[PDB]
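Apart from one protein chain that is not included, each protein chain of the complex appears where it belongs.
Naming follows writing order (A, B and C), and every chain is counted from residue 1.
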Amino acid sequence: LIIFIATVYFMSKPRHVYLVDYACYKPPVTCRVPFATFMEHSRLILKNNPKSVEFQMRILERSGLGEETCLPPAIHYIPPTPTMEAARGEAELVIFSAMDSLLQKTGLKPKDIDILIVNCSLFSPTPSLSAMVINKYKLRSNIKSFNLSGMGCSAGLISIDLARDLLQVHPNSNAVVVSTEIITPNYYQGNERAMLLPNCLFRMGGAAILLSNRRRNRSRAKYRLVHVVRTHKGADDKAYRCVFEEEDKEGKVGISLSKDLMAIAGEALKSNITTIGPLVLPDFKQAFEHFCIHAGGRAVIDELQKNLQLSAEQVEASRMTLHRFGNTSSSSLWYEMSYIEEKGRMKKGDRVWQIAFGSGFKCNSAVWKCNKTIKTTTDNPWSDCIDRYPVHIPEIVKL
Amino acid sequence: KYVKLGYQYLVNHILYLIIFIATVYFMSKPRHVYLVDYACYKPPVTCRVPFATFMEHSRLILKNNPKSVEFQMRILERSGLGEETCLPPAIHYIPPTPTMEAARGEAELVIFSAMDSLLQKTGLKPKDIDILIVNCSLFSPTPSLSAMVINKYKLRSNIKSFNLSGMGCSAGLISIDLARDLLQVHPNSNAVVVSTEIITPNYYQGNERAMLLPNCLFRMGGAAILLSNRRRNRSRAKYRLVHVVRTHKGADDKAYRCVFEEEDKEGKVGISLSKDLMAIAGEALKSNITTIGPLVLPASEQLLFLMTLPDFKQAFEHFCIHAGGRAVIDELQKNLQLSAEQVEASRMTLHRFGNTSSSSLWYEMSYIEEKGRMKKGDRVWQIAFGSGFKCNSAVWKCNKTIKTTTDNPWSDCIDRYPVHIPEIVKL
Amino acid sequence: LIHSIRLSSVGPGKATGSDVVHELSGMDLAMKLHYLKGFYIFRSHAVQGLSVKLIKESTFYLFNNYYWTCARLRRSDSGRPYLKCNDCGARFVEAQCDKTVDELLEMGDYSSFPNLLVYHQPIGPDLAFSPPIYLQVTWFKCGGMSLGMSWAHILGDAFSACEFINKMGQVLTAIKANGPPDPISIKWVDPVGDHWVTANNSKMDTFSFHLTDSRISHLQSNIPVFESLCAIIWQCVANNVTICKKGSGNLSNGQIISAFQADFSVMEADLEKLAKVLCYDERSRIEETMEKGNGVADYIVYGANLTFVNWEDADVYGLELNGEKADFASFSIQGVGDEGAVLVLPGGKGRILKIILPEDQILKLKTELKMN
Partner (left out) sequence: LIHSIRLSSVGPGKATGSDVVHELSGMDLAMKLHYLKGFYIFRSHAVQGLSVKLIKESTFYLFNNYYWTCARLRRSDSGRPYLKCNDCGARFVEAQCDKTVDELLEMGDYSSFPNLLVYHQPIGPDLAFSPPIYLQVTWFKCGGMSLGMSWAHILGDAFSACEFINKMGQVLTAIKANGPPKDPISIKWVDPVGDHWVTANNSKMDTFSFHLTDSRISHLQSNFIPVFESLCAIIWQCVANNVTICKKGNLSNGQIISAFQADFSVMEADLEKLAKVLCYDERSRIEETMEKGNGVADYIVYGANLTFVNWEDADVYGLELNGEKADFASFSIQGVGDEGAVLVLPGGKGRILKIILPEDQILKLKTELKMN
């Protein structure tokens, strides 16, 4: 009688997935772009469209971005001239830097990587970016490689969910998730106001995360994955078209945002919370020690803080990530996480709730649990600025 | 090396008081994945592109580059394509003007036609779709193609959707493998896999000879496949997924760069092919075949191989070689000693539909089914290859004898299509 | 006037099979230097619901019956040209006009319509890549639509072209409603090689005018309508004369060609004299002449000896889009010898006369008709 009640549980138990470590790309100071420089370049580029320059000024004044966010070299020329060579160079730079940091801080051998998932929304060369990583680090021929493209700013948690399922299927394996957004091809070269907002906010960033289900990583892992919840609002036409890539009147491709975008975002977020409430609740903010809201906009962070009654300390990581790095797309959630680790605030047993949102308005969230108290280090993107960064962010930055 | 991979996998595959022994097995067995059905897109006759029209348009476009026109003529003479292969409307204008509106229109047409056919065939309700995987190598709009399908058919908000892009012509079997794993994880669920290549953005607007072959070979096509692990589907399923083997030669620099998207001297983007593409393809195919041999060959052939240290025609009844080139089919037939009837589906698919990147395997499957040659218990080996030089393979087992139908891409031409394909097509 | 011109190809929706050819008869080869230009203009009411996609689909279904009109010209070993049915297709043109149909028809000077609403390129100088059919669809601001065809005379005569256009219209309607389904008349010219164009010493010009029933009856003071008009214009032009009338679905050059040589003073002759001359078939002679040359020698029919053309029986207004005839449809010959030509077309109560001569002769004829 004992067997049928014990082995049934033991064989139906999901495998434990662990975040062994992760590395965040640190853009060089040579890619730095202050507000005044952005506005001057905008004036020189959109010389015939004063209203577009004024719109960009208004957007960047209240964006919450700081003076140290970065853009790739191709975007620094007065008229940017994006080429596929420049996009490949930026992708190689960011992804190889993050991968090198990850392999150095984990001691992971490239031959021990069984799963490789790379997500970048807009850039997608014919030999996939996962193929680029495989070629760079000489990974095995039987590697399970996946390249998720066009899934937006919430696709990092989609990659995490895919890795979780694949680690359920495959015992004693490692998965590497590379979340990035290449800015060089993303840049919009027209003057239509609806497509200019992405240029004002998207900045360089990337992350490489090692997940594993090996028992040897059960003690040195930083986190254990608890939950991942996905919501898709694509069935609704308004939500489907609120972030749409298309051509303008001049034939230049960009991403148009609808006026009702904020409303749609609210709805999606609510849905996600309503789906994750019964999974973590015994008041939403009391189920978690830490929150990581994707830095996709100051207004969205304001709305979430108001609705969930979060405090200034609880949304501190998201605001500081938006100020320091800007909107780095799917990798944003991993800068924010690093922030909490660099203040010495991530203690064993602490619960972290990450939430991200994007195109098609997918809205995804992930609940992690801290597996061991994390000590401050010097090999993270916040190392050179953490001692001052809980700064005051004015409502309007005056130029 | 690859023999070692095959045997390593076989070690963990051949494995699959009374209560305990029963439970330790029933709770560790893999879930059966079933190909319930699939629908192939049939491009309209208004999109057909005969040889003469293609060459006239080439002469008119590359008017200042006669050598490029000559190269295209040489490539297309021996390609093995027929007169009924199709290209999207935007490419029919003398100077093609590929816009994203045209690309979206073509994507919607192909994908929605395939999905409508699939839903009509299987009686599947959109609310019952649990997983959706879409693979198209080049086209990747900001709201995914999977998001487009979800919007079109109003799928559930907790849909597990995935958009694989940039993974070449072998990514259809990557989607199949991903669906297999996800169905291992999620019981009593349905997965829909859409495989397509949108040609409008894939078209190359320059005149470099290294970049013009995809224009000559790639044609319209698409496929939607329903996979399931439900017990109800076990009886009406067309196939049972047996094996999927993936090979990635991206570690080798030459294989990595053999198919590379890049700009030419005039700044136009296209797919450059290396001179050593055939060597890389042969090596990748050999590696994949070596890895899969231990999993499918009879123990007699395996013991024979081990002693002198085989014949794959005995391991399979049907073969579906990706229609990525006449020369590749020729070389596979020569090396594996396949008969003319065993490569008939691949050659006929290349002749009828051209090179539909990741959906050609399903056109070949439809060809086999529509000749009434797919019997219960038959084994089918599909092999695909593409950029990064990934090379993937799948082994299916027919679950029920397939009766011919009328809602297939071959319905209007199957009665004649075992045709003679000349070595050189004269203009 | 015309902007946003886009080129593409149409053709049969069904492959015709390799090795299919289409022989050109002697009449076809004798007309190889001539072309037909025909344009129809509809108002937005008739073209309601039509798009370029529907017209293209209808053309794809139409060319199944006329696959040889999508063939390309090859030369046999003996040098006789023929049509190889490789399904290369016909050329399709899309154009935009900033004017409206009402404005366009309120100009009087319709002489420029054949050149702007019809896209024409001669066969050659390379035969193997010259389509014999050009179709142009022009969209106007008011929503009306123009359909122009350039049609190589090897394919057939004017009645064959009108039948082709009527079939296109019928196929379009069917798709919309039910879903998808020694001779004298010829003159030897200097060889033109593979560039099939009629050479003219002078700058040919066309002048057209409408005559009503009353005008015809008054001029008839001296079947008989065409003969009497031909006599009038022949006398005003004033020896060799050629007449070209209808013969007795299928595309062919089934046209009756006749010629008369007059060793008398046409300058001073009674009208009844020329009428009796005109009303009182040279296919066999032309066939033998073109057979004795193996189809290599080049001849022109129109403009050989002051050609007279009878298209009053042509179905120039047979194209009905949404059950409505064209607001204005017209036809003409592209390529006419020095002697020029006269064309009779079915107007309303009377006939439309087009006259093609050198410009100086055009001015002289206008002066002559200023009081007649």
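What we mean here is this: contacts are C-beta pairs under 8 Å (C-beta built on N, C-alpha and C of every residue); 3 or more make two chains touch, one makes a residue touch a chain.
Novice: Looking beyond the chains shown, say which of A:32, A:140 or A:369 touches the absent one.
Specialist: A:32
Novice: With respect to the chain omitted from the figure, which of A:15, A:16, A:76 or A:351 is a touching residue?
Specialist: Of the candidates A:15, A:16, A:76 or A:351, A:76 is in touch with the missing chain.
Novice: Going by the touch rule given at the top, which residues of subunit A touch the chain that is not shown?
Specialist: Touch with the absent chain occurs at residues 29-30, 32, 34-37, 40-41, 43-44, 66-68, 73, 76-79, 399.
Just so we're on the same page, only the chains that are shown with their structure count from here on.
Novice: Centre to centre, by mean C-alpha position, how many angstrom separate subunit A and subunit C?
Specialist: 68
Novice: Could you state the distance in Å from the CA-based centre of subunit A to that of subunit B?
Specialist: So the centroids are 32 Å from each other.
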